[PDB]
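Asks: The primary structure of each chain is shown beneath.
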Amino acid sequence: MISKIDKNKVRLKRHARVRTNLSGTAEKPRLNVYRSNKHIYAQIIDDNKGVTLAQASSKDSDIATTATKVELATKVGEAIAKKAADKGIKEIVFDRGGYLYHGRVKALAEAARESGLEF
Amino acid sequence: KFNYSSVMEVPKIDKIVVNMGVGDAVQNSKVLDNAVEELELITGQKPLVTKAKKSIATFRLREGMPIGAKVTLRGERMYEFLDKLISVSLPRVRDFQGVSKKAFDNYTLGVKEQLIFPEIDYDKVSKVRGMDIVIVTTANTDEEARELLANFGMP
Amino acid sequence: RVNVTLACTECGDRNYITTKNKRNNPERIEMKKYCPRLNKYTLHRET
Amino acid sequence: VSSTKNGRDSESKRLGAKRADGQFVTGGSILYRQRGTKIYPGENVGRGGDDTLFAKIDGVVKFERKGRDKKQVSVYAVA
Amino acid sequence: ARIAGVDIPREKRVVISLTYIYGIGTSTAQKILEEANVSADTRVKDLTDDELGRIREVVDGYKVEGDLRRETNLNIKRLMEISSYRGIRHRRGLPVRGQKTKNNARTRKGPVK
Amino acid sequence: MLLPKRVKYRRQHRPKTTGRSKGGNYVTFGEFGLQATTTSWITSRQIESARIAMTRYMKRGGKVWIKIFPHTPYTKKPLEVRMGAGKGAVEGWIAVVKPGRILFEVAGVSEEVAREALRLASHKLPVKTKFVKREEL
RNA sequence: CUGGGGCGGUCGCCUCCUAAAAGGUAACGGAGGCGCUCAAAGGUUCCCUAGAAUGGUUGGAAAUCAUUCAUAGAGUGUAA
Numbered sequence: 001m002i003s004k005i006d007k008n009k010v011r012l013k014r015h016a017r018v019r020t021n022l023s024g025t026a027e028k029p030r031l032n033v034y035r036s037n038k039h040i041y042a043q044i045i046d047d048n049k050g051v052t053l054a055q056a057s058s059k060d061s062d063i064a065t066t067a068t069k070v071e072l073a074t075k076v077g078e079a080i081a082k083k084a085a086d087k088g089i090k091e092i093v094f095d096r097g098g099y100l101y102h103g104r105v106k107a108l109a110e111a112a113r114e115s116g117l118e119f
Numbered sequence: 001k002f003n004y005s006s007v008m009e010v011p012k013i014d015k016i017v018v019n020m021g022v023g024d025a026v027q028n029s030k031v032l033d034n035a036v037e038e039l040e041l042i043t044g045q046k047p048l049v050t051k052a053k054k055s056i057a058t059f060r061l062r063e064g065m066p067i068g069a070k071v072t073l074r075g076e077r078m079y080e081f082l083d084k085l086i087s088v089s090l091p092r093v094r095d096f097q098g099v100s101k102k103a104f105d106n107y108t109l110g111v112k113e114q115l116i117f118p119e120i121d122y123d124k125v126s127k128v129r130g131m132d133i134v135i136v137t138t139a140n141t142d143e144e145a146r147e148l149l150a151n152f153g154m155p
Numbered sequence: 001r002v003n004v005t006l007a008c009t010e011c012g013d014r015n016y017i018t019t020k021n022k023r024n025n026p027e028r029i030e031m032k033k034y035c036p037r038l039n040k041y042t043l044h045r046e047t
Numbered sequence: 001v002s003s004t005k006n007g008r009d010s011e012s013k014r015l016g017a018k019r020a021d022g023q024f025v026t027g028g029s030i031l032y033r034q035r036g037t038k039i040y041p042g043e044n045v046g047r048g049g050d051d052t053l054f055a056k057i058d059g060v061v062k063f064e065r066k067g068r069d070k071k072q073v074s075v076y077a078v079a
Numbered sequence: 001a002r003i004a005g006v007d008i009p010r011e012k013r014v015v016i017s018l019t020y021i022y023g024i025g026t027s028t029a030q031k032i033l034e035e036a037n038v039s040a041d042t043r044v045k046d047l048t049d050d051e052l053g054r055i056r057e058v059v060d061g062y063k064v065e066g067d068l069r070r071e072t073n074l075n076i077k078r079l080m081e082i083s084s085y086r087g088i089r090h091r092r093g094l095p096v097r098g099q100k101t102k103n104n105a106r107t108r109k110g111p112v113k
Numbered sequence: 001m002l003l004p005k006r007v008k009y010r011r012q013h014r015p016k017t018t019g020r021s022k023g024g025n026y027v028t029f030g031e032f033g034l035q036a037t038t039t040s041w042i043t044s045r046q047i048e049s050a051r052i053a054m055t056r057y058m059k060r061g062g063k064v065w066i067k068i069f070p071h072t073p074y075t076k077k078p079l080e081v082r083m084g085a086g087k088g089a090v091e092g093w094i095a096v097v098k099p100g101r102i103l104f105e106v107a108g109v110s111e112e113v114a115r116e117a118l119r120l121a122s123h124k125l126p127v128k129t130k131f132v133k134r135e136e137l
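From first to last, the protein sequence lines are chains A, B, C, D, E and F.
Read in order, the letters of the first sequence correspond to residues 1 to 119 in this note's numbering.
Read in order, the letters of the second sequence correspond to residues 1 to 155 in this note's numbering.
Read in order, the letters of the third sequence correspond to residues 1 to 47 in this note's numbering.
Read in order, the letters of the fourth sequence correspond to residues 1 to 79 in this note's numbering.
Read in order, the letters of the fifth sequence correspond to residues 1 to 113 in this note's numbering.
Read in order, the letters of the sixth sequence correspond to residues 1 to 137 in this note's numbering.
Honestly, I wouldn't trust all of these hints.
Restricting the straight-line Cα-Cα distance to at most 25 Å, the calculated cross-link-like pairs of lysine-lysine (BS3-like) are [said to hold, decoys possible]:
| # | chain 1 | residue 1 | chain 2 | residue 2 |
| --- | --- | --- | --- | --- |
| 1 | B | 70 | A | 4 |
| 2 | D | 5 | F | 124 |
| 3 | B | 84 | B | 112 |
| 4 | D | 56 | A | 9 |
| 5 | F | 59 | D | 5 |
| 6 | A | 49 | D | 56 |
| 7 | A | 4 | B | 84 |
| 8 | D | 38 | A | 49 |
| 9 | F | 59 | F | 124 |
| 10 | B | 12 | B | 84 |
A few chain D residues that don't get close to chain F, going by computed Cβ distances all over 12 Å [unchecked claim]:
| # | residue |
| --- | --- |
| 11 | 24 |
| 12 | 54 |
| 13 | 68 |
| 14 | 77 |
Simulated from the structure, these hints should not be mistaken for lab results.
Even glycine gets a Cβ: it sits at the ideal position worked out from N, Cα and C.
Model the full assembly from the supplied sequences, consistent with the hints where possible.
Replies: See below:
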């Protein structure tokens, strides 16, 4: 009786392996992105200290809108872009958690690229 | 039916894996492709490199490190394969037994004692090839699996 | 396993020497090295 | 007429630690010479081609634990 | 074709297909098909479109069908158990008609030797 | 005649003889046994010589246990040649025994019969022994 | 060179034990190797992870497997 495997478990493992040579540090903070089966969350974290200074999700009250299930990501990326533009919108390291770079993440990743985020 | 507390604890049929045994192409240059087409003649899929020629797990003649073929069929193709297994695969067998352990290839202990390609009759075949079809199910018990082995299809 | 001298087309100097298997690759090796004098990744060829 | 066949041996490679803990070192100074990853590199500490631990910033050495059964050496800029 | 469901022999003698089929040992193979132009040139299903149909009508019209003949033959086994012969107490063991248990071994019925 | 089926190295370094017995200082198989009080090397020839002298007087009337087995082989240069030419060939197998280590163990026989059988096997051993019984206090 | 010389055997480099928890340390002390190979066995990006025993080739009791244990038991061009 072949048993199924958790999707978050494997993802976490992969994410940990990619976080062995990449971390935020004030000037260059890491942009962690959490993609669920409903919405997507993103927040600029500073590993050096260990405190967040940004927040953007697809389940936000100013983001919640019947889209095409991919347009939200674009808005999410532009939403945090302006928030990050207020203070600290220069060189930043983009973290793809543990998922692939192709898909909804790509749209959210390029969303800040066209916003001005030098990354 | 048998006291399932929810409508999701009912067992399912996990997968269906089968193809030819050795088909040793070290002296059978085209028999490899012939058996590949024979496996493609039951269900149309490219044949890969694995041991998918058993009735269950592994408990037969030893050797190891071979070079056979295998096929993965688990969707509505699997349902059609079972339909053809009740039509052409019960033309020559006509003998429903019962077991839930191992057979040909905790397994890894054999790769022999299989069928002889009965549905592949010599109407377009050059030989007979062991193609035992391992049964993969979501069965939590071998006797519950036997209850499903007679359920909806030949004992 | 013998020695190989990647000749240049403009440089004219053998400042790139490598090794290879004649039984493995009997054809002439052609890679893109960098000649300082020309200061440009040029296509070198084995003599 | 008894014979022998065990009189061959290679040279000894001075391995081990080269800097003590709490000692001031300058960037580029070797801290450890080993055959593998006996001690992992910490902060401001790179690994060489022969698995040699060296410092990149001038400061004091600090041997600490990394994980639960692995050691690591780091260097701090604070004089 | 549909003479036996799944044609065993292929591309060979036309009367060689009835040799693999049980019920005939090439003794009445050319005495069953008597249709017009019922020849054979080493081509069972080759160079032929309509010929098996008449062979399936003469095989069904004959006293023996093909499975009923073996049905009564496999039903007289217990019918010949009236303390007579027909290997009453021979098949059970190993000895067979001819008393070849002393001349040699039991080639007829022998589990392991 | 007791020796390992196979060993990684045929040349050891001679086991050290100091301190007390590491383990095996209590009888757990029979009721009576022979306990050593001195340190010395026990060869296989002596081990089998004492066992044959014990069973001979026991007339196959009990069970005997050997808690020692030659694990280290020792070499020896024959015909006393000049020193310095490499190690010699294996001569036999020995076993280091420290004070407080049980040697033999008898069971299923008279208490006075085991006291006489063990005394006969102690005359073929090069170490001072002592008769002891299963302790329980 | 050499537990007198001769005869034999050795003479350079690599790993372990002797070596006495830093490093170093001898004997004609105890064990093994090298005198290369590779155009991918290189670089970078990405993704993966043995042995037991039951549908039995009278069976090598390990066909190229189903999924339990794997918990790494493997695997690494080469000796440790």
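Asks: If you check each hint against the structure, which ones fail?
Replies: Hint check: 2, 4, 5, 7 and 8 fail, others pass.
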